[PDB]
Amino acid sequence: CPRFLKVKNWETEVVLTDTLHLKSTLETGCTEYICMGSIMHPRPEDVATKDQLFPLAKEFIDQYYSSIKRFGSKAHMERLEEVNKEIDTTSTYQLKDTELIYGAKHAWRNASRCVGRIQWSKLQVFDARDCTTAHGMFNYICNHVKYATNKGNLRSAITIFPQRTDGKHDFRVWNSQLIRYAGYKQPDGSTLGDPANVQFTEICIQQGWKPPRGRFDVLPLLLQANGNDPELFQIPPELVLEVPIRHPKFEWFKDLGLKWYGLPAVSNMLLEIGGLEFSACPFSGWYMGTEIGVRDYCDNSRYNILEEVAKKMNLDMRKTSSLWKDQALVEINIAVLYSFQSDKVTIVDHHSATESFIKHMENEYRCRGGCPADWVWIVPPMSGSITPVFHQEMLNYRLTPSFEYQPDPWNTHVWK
């Protein structure tokens, strides 16, 4: 590996120099002969053995004491010794509160696919490592939602449940986000509600949930403590801030009956710090408008929102070259942004977010020596080339602490 790699911005001609990639610890999936940059992800018995844990913990503790300008100190050496004794005698170790907070913020700071990382150091960390039951998890999650929502002035936050021990006592949130709408596949094939959530909805109903069978039924929480079987809980509806979607010019848009929830809280990823694995760690921020997945709702039978909007706009839907899909996609995204701003719910448009990210990326190159960034996920899903990330070259690599994918729990769980 060469010591300095350059990235160029082809609009501004600015060149940045990356050295931070020398600190990457996980494989990308690419090789010198093949690039897997567009692959989305390139057993339970296995937890870190003692001998695998030692070097990962040292690397994290070193990095932590380096960041607080205490590298090589008495404090640093005593912590190393203390961690090594814990691993020696218990096969694991416990993070200090300060290291837990540092590790969670840097897992976000290192998330190469996240365009909102300019915010990385303003993360509220909730330590739920004292949790023991699904009821306790529900309590912790309700407080998280209430704190993060903050009556529409959203605050990014993470709640960290106990780390993995032997792999048979994992804490898991089975939801993919804390707030999602149910989806119901009808006998004739059409979809009621959110088609993205049909499978998990079926699991909840299988587990005993009584579905209202509407378009916007907030799913229950499915929570697993200490490897036990997961248990169902209803989020108090007053904790779920929602926004009705309307359009600033099209009076008929509201008649589509659409709304969306304010808080994106992803809960099916894994947080890795110093070799420790926090398999339940829901984190939340606020939305970028393009993320809001209302366009895939069915309006009726075979017409989704995108098509219905085009019909109501009276666009020519016969030929594709009329760009009716593009026109309707813009109007939907205009409606989303206008509705959140009107109700004073935090949201960011893709122009502002990518513009902030470029400034963040420059600051990180200057102050940190690099900024891992996954162009394939950073560029927004519409109007790519008119955002400043499109012509920005990026280097992708995996730093630790990190957020990682993990198997869906229903595939791996051993039912009691």
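Numbering follows the first chain given and starts at 1. Each form is matched to the other, and the largest set of C-alpha atoms that superpose within 1.5 Å is called the rigid core. Compared with the form deposited in another entry:
The residue that stands out in 109, 247, 325, 295 is 295, the single one whose Cα moves by 2 angstroms or more between the two forms on a rigid core fit. Once both forms are overlaid on the rigid core, the distance between the two CA positions of residue 49 between the two forms is 2 angstroms or more.
Once both forms are fitted on their core, the CA shift for residue 124 between the two forms remains under 2 Å. After superposition on the rigid core, the Cα of residue 304 moves by 2 Å or more between the two forms.
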Second form
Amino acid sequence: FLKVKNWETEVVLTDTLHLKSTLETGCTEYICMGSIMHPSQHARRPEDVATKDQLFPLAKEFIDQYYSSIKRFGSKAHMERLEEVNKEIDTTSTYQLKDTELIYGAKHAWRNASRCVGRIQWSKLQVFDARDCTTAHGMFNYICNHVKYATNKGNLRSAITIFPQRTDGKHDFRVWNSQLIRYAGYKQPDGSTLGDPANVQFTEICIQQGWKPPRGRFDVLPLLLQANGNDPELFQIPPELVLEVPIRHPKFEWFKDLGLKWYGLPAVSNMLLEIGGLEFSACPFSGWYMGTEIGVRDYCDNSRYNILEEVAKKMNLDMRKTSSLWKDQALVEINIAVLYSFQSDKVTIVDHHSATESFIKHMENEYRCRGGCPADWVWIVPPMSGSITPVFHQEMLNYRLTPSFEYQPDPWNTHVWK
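Moving from the form deposited in one PDB entry to the form deposited in another entry:
Chain only, nothing else included.
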């Protein structure tokens, strides 16, 4: 038993789910790594094609969990499934998931994502099975359909598209983009950066692959898609599938003249989805934005669009010294405008007040039915106004449950070109 307390409400929750955790957190009895971005390299199967004694135990554990979930365990179909997975590994060194197991696995990987404040939605996830894909052209078709379904004319819907699992490690499917939709970044001759500085390296790869850059501040990047280990290929997402929101402010009429915009669909495409020892290296997933992601991090991080100085000037703030809080003051106005703009255009978005409140309710739900909820305080607390949200005052336990979403190397560090 482990208790967590909320210091605002004095609610105490009791955690037993942590007894099912599989991987190391990175912490020990003597050192806490809770603010390390990648604290652990502990993996459930070695790098390349596992032996039978390595894969089968992980498969059995997942199948046991799935059949437990549906009030079976030991049933006819469970034992036959075990035997089927046994023969499949014996004869191919891997196995294939049933459609139901795949959906269960994807939803539970989201459910287990301790860094995600959005998980009250976890069981309402649309799963697109793309395991029949064979070429980068087919990957583009599956991704276009995902983007169109998920955008839904602004009434955003959570979705995941799952490409063929890893086999030997030389035939990986990868989306090289970090998100399906991001803006290019360009190193300028004088030394500054145009567009998104985070994407300068990826933009250079695209240009080096023949992309013709319009060289603006908000150029939607092409897709760079890799199927079955082959060299990646460039595709332009049809712009009518890319919903964008011009940013304006409900009081500052000059705000629109800053020429800011963002895209509506946050779609992570560089993570790995691990189910029963199987590794799905291409599994783009998408939901909808919390405003602080755009307003605080994308726009105001020093190494991103870094717009605080420009907004503060227009606001006529005292920028001589930090103690005028001119940065904090512009920061609020920017986040007001982001929310106001998405809402004006009827594009789904949630503010950090509503999102964090939903997550406290999700925590309570999970402790009641599941006996726990893994949660990473460092990621869950929003990057502005921390303590006036309820999650700031909520103790959380962090542990690693499977199925899960994991980080993986960027493909340009590992891909041997042809």
